[PDB]
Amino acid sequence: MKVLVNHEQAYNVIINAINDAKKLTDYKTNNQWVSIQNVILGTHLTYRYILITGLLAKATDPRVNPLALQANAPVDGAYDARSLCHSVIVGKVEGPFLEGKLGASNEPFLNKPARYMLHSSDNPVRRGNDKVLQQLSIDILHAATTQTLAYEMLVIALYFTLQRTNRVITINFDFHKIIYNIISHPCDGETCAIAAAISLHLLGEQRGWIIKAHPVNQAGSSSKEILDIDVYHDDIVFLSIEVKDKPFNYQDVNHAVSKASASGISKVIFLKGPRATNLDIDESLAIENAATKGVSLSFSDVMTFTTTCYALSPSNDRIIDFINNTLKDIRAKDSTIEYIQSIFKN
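Chain structure (the form solved without the DNA), given for this chain on its own:
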């Protein structure tokens, strides 16, 4: 029998638990605290999400088996752990209330260690550290036999989560040559947004600009692939940018124009990735209609925009933090993270 976990209740549970963790003083309240610290501070991202998700599920509905990863697992209390983790923890909680400190993963239950019916030592794992963390996370979840124990361990896990750092790139290096390669690289999917965001930082860093990127497929988005970048000055957005690596559609335009017009933002740029070039819209019509709503709309290919901003741009004691924060805020994929890591060592 599967258990249908109430995600509204789960959200309130984890918010309470985070609040308890933020004021927690005694974290050694049970013998699993050592294992909890080692998993949460450890290097295996998927086991961190599996641990938080299973503890949250049991603290919300004690009928779940917290070792179940899928609702079709052959155990009583199987439940849709992917849905709980992606909808509640990733979708609503980690960004706003944990500063991306669990890892800022967008879809952690698509990683190989989560693609099993059960979280068990029968699942393959690399010798050494990973094998240790697999068994530790199993042991903690096996100990979460009651709702109150699950909640107690959830608060401990979030207490240590708050101690993690959310930096993925890390000496006065040759930031000139690396930044230019990222600017001018043939982008794909979300790497288009990262390059565009970096370009804007270069151009505006010295002009007081603050660039903020947002993860794709938010609630109420016009399409699933569009990615929002806001450019602030004096803490007011003056430019709203949308990045898409699929052709923009009329709903994308309508949503962005209406959203800017409401906010009093008068400039919107739509940036087209290499796979967004074949138009489904009449860009001229969109611009004309946008003007009637008092919004100045324009379109550019991403790589043209990035190289133009770079040409127009002027120290680099802030580029690393900016990239780290941007990768965190968009819940960047591993491919994107590996690309940025690789080009900083090359």
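Numbering follows the first chain given and starts at 1. So that the term is clear: the rigid core is the largest set of C-alpha atoms that superpose within 1.5 Å between two forms. Compared with the form deposited with the DNA bound:
Measuring CA movement between these two forms with the rigid core aligned, the set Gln251, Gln163, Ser120, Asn129 has one residue at 2 Å or more: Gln251. Once you line up the core between these two forms, the Cα of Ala150 stays within less than 2 Å of where it was. Annotation: Cα of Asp230 displaced by at least 2 Å between these two forms, core superposition. Comparing the forms between these two forms on their rigid core, the Cα displacement of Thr43 stays under 2 Å.
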Second form
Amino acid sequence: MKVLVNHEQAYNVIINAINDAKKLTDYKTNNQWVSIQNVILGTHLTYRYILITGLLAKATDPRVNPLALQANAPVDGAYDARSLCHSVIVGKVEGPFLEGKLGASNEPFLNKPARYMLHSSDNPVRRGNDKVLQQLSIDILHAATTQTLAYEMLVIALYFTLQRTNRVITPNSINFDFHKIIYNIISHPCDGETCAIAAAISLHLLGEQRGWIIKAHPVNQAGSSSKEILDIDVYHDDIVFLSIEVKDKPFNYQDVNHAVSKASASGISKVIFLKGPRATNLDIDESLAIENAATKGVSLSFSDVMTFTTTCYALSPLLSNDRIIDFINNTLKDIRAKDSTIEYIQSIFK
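Right, and the form deposited with the DNA bound of this protein, after the form solved without the DNA?
What follows is just the one chain, with no partners and no other molecules.
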């Protein structure tokens, strides 16, 4: 029998749970607390939302099955977990009460791990820590057999949520030099985010004085979105005059043509195609790609990410290290960088 969870009640329940978490002293009351700590403080965004939503639902309505994700799941107490998460947690709670400390995802239940009828170990999962966190979060929800236990675990979960850090790099280093920072940032792929960050902060060095507005987008935002042309779009006088495609994996001529075509369809006449350290083994005829782009009205050029950063640095006026850190921090917020990216970059400044 499917269930309708009352969204006004779930809102009141999670407000009370947050106020309790803000005064919580003994978080070791329930024996799921280590599992809850590891999921909430982990780097997997979607399992945080799934865990909070399941516990909230069961704390609000004892009829629900906390392992159900969709209303038509073939279990008793199935419910539409996506709508509870997006309307209450995303729409009303995480911003004002949690400072985006779950990750500030707009639609976490469209992420692949949430697009299932049940939160289940049958659901395919990336190997390694993601598979471990999948089982931990299943175990917690499976342990939430009463409203009271679910509420107890919800408070512990939000207590650990409130401990999470933001997307801010604090430079403990007295001073770093730009080239060494870039070199360490792009040595690890970090889901494609580090090469995009290196490209973005390099544009900031040259755009600072010319009034450029650099818009780097979340790397998992799709080219079909109206919110972007390519990976990074550069505005002067409210108009995109240059777009950048970054590749930190191997690419072929069709990848290039796909980016050129998106720029051509939006009337952007200059494109830079940047090859990160993993864009290797590429016998690709760049002059033919550039010729093809030219007929489509796009001026296309190529560069390694490292060469692009050192050339931007050499051409720019030198600004305080404080200003470079600002570029990094603003870019990390703009692309809603992942936890592992934040931790990796923070470790560079230590």
